[PDB]
Structure formats: structure tokens, C-alpha cells
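Take a look at this one chain, the form deposited in one PDB entry, written out in C-alpha cells.
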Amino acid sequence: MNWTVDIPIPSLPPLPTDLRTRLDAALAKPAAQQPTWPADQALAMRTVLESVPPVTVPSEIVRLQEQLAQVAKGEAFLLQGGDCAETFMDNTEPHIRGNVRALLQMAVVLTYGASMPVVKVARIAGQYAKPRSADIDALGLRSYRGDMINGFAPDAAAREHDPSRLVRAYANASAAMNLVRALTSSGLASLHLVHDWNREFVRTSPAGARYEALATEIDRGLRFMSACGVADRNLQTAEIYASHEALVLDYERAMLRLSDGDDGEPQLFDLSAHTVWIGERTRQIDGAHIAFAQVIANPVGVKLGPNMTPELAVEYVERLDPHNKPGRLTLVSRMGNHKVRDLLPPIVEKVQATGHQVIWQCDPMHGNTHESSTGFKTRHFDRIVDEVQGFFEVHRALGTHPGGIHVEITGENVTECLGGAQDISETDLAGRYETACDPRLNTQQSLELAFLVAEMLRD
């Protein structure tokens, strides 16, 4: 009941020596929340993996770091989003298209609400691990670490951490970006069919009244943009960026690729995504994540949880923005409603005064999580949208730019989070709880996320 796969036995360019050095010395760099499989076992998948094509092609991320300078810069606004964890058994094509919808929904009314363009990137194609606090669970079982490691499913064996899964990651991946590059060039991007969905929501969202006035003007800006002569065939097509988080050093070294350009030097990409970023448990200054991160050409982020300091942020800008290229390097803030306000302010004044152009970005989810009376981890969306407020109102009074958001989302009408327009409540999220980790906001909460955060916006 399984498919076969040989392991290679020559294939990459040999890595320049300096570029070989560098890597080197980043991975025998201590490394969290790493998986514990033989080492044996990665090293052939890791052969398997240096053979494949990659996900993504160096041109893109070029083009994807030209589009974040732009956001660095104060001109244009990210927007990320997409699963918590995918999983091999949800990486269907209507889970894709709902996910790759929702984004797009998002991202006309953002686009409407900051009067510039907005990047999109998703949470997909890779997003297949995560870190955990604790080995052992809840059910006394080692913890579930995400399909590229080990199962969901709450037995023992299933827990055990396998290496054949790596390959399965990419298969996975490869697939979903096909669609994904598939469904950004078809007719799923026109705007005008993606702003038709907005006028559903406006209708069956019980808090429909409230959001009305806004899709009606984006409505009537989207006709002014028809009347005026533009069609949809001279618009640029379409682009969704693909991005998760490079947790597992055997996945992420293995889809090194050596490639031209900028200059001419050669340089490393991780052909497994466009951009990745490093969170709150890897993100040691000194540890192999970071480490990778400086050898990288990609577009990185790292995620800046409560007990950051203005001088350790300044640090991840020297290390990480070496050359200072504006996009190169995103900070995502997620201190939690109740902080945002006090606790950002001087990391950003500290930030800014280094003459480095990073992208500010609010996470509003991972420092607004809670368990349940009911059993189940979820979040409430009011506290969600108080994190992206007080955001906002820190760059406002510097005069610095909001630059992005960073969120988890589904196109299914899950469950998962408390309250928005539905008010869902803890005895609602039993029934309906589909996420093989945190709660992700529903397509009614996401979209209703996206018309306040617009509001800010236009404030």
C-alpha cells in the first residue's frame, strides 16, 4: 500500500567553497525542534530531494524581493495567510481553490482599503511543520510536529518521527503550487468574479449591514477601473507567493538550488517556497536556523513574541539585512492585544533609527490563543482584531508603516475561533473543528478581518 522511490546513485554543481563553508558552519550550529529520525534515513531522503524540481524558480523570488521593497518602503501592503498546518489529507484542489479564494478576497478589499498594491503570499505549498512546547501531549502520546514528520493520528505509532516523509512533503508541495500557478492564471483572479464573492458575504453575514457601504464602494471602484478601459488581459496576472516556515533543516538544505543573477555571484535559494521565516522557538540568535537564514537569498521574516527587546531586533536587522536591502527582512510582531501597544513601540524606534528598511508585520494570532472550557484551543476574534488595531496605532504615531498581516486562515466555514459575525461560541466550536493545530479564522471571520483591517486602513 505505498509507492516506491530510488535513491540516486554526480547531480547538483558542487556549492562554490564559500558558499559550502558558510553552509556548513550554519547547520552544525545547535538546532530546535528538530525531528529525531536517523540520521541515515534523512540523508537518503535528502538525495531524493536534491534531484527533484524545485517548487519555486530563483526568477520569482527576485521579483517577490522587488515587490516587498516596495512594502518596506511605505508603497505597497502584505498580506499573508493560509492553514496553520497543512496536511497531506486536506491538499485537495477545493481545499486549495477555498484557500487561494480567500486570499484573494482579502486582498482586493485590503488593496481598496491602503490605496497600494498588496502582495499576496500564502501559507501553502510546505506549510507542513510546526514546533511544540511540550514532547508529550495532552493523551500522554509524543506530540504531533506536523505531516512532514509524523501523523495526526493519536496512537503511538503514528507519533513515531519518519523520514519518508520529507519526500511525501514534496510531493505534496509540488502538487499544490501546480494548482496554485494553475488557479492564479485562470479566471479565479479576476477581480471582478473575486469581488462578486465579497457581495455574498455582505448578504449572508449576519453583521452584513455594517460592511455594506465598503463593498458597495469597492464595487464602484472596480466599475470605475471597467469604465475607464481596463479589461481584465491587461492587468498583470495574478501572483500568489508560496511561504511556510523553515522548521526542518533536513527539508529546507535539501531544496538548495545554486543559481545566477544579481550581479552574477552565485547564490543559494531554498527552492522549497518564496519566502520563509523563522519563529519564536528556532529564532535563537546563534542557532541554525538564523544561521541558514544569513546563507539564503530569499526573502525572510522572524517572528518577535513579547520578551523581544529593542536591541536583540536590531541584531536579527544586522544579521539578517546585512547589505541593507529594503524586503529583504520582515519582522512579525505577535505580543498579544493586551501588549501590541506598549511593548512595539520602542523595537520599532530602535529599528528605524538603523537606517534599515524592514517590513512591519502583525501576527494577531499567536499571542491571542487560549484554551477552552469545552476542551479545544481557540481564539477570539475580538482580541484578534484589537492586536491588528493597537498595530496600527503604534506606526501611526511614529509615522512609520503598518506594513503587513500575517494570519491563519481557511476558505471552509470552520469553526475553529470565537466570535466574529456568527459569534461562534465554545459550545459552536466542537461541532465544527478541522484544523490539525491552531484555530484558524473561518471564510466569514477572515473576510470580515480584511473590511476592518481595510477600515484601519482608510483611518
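Each form is matched to the other, and the largest set of C-alpha atoms that superpose within 1.5 Å is called the rigid core. Numbering follows the first chain given and starts at 1. First, how it differs from the form deposited in another entry.
Residue showing a CA shift of 2 Å or more between the two forms (rigid core superposed; candidates 153, 157, 353, 231): 231.
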Given for the second form:
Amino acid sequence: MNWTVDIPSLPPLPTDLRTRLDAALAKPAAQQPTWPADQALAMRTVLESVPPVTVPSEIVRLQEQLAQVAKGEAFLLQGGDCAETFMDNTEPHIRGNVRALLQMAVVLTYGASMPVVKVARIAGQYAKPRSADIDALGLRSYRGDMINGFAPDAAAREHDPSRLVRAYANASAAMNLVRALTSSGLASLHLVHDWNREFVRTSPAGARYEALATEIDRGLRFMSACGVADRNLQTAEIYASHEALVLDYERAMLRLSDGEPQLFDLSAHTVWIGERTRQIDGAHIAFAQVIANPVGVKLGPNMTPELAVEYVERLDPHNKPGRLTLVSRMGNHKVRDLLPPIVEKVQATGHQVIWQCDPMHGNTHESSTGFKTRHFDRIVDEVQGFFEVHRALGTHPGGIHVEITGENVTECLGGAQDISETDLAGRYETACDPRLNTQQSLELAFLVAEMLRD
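Go ahead and give the structure of the form deposited in another entry, now that the form deposited in one PDB entry is out.
Nothing else is written out below except the one chain.
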């Protein structure tokens, strides 16, 4: 039925880091688990002495790499499961997400004509915010495997602090795998292009994309023709990210490294802060202010230029390009109107932020059949609009942030597969928001690559 853990050290914080961290977690914190302090402390004590998912050296490396995005010289690709589950944390599914993301990154690398830094939603994306604490069945809402259970049973939905330790054990495990995969041949560039050629061959819309797939093949053969040294072509770096929601988890995964000493959050390389949680004097923003990881903020349609600037000033006080990513998620019918003024006010500060586009969360809607769904064409249209805004202003479309899987699910309408509302019942397997399946995520990759080319 269960395995067991014993309960025990960490070195003392510089007094200022202690004071600022304490000051930060004192502030109110939205969407937290409602569970006993007695027990959360115990779990935290376990987590305070485990090996971290990531290490500082990798996080400052990611920081430099992201600095190049902010300056206009690279492109950010963030993707993966909306909600990871302990039950799907298997080699096939991890391998599938890494695969999908890599396939997209080849196309975006060739189309942006510049590097793509590749960030997975993985090894920690186990918690989610909800708008209601009672879902559409009278049950306490599901909030991710880190908090409670998906199964629609009263007792499954109780907030269980032991999931804090499970969440880490899965996280670590998955990360161990992706490291391995990416270092050992799965991320070989020729092997991924091969899968892309397969997609063109068997997709219905193969013709739509054969020309560009071929041009990539030839720019790739060109490398061998010029006798380049192929070592950089045999691996790729995938970085872990998740939404920093459960502050009991994040605080327990903090560690102290350097160039004076600083707090890194080693549950991941980079975290972001959601629409529901970005309260400006709230605890998530203050926590972000204390950690050295690159951080993202979701910006929704109620966002105002002046506010946005307040985020930039609190999170990027030292003008470190790449430290802060602002992620727009307006919806295709609104991004062209709402985003331009925000970008004007922010670029006018002298701060170099990464303008990332989330074309997913502003475009959900309820199918006639009862499924949370997103139509492919609206997703494409929001990325289109994003690009138009940035071209018109002379600013860098920094990247994109999508929800995808390597499984061939049926959760988003449209795309080359003409997935109908009737088809959604076949393999609707998400534990929260609907995902672009393997074919739709790759097709979106091609389309955005054409936007990049212009």
C-alpha cells in the first residue's frame, strides 16, 4: 500500500536572506493547500535534505542563454503537459514529451535562424490553481497530484501533505530520465529531423509543409557538407519549469549557493507565476523577488501598462536581461488591441524582458459535448497577432508557451486531423486543460516558423 520515510542538516541563511524570505512568506498567498501546519513542516523537513532536481550552475547558464533571448538573438520554446500526473510519469510519456518538444525546436531553430532555448513543463508541474473550491460535481476541486487526487471521490480530494514528497520523487525520477535521454541520443538532430520527415509523409496536410521540411533537410545536409564538427548536433539541453504555486514545496526546495550567496529554487530551472497568483504585494511575487531563478509572470486581459511596469521593476530591479519573462495570454480576438500599449510602456523603461506568448489559456471554451477544449485556429491566430504587434513596434517576439503531449490524444479541435466535437471522446486524457497532440503541436511549429520567416 505504501512506502515510508524517516524524519531527521541545512546551513543557516545569511541574516538578510532569512529576513527577506520570512518577510515574503508572511504575505498572503492565494490558492494554497488547506492542510495542517504540523504535517507540512514534517514534509518540508524531509525535502530540505534531499538531492535537488537542478543545481545552481545550470540555472545561471539558463540565465545567460535567456539574456540572449531578451536582446533579440534567440527564441524561447516552453511546452509540455498542462498537469503532470504520478500515474503517467512513465518512460513512454516522458520520452513522448521530450520528443514532441524537440521536433518543434528543430523547426523553430531553422525558422528563427537563431538558437532556441528549450524549456519543458515537466518534473514539477503537479499543482494548479482553481477558480472554485467546489467543482461541477460537489467535490472539493482537484488541484494537481501534489495536493489531492484526480479520482472523483470525496476522500481522494482531501489535501494530503504526503503528496509533497511523492511530487519530488516523481520530479527527480522524470528529470533523471530527461537528462539521460537528452545526453544519450534522443536529442540527436538527425534523429529528430527523421521523425519530422515521417510526419510530413503521413500527415494529411503533408503537402502544406513538405517544402519547408525539405529546406530543413537541405540546410541540415549542408552542415555535413561544410564538414562542421558534429558534437553539438548530438545533444540538446532541456530545462525544467513549472508554475510556482505551492509555497510549501518551493520553500522546502530552496538551497543557498553563489558572486555573493543567494537563494536558488532547485525544484526546477525556471518558475513562473500564474494569473490567479500574481498579487503584487502577495507572497508569490515576493518569493520570486528572493530567488535567483529566471521567473515568468502571466499577464491576462485585465493587465494594464502601469501594472506590468510594476512587475518589471520588482522582479528585474538590477536590469538583468532575461531574468524576467512577461507571458501574454489575451486571446486572439484581444491580443492586437491590449498588448501594444503594455509593450510600449515596458520597453520605455530600459529593461530588456522576454516577450513570451501563451496562445492557449486565453482560448479555452466549452464544447457542445461538454469538454474543455481549445480550437486550433484560434491558437494559431493569437500567435499570429502576437507577431504582428511585435513587428509593428520593432520589438522581439521572444518565444511561445504551449501545452502539448507526445501522445496522440484528441483534446483540441481542428488542425490537419479535423478533430470534431464528436471525436473528442476518443482519447481525451488530460488531467486539466486540453493539449495539442503530437501532430497539432508540430503543425503549429511549422506555422509559427513561417511567422518567424515573414
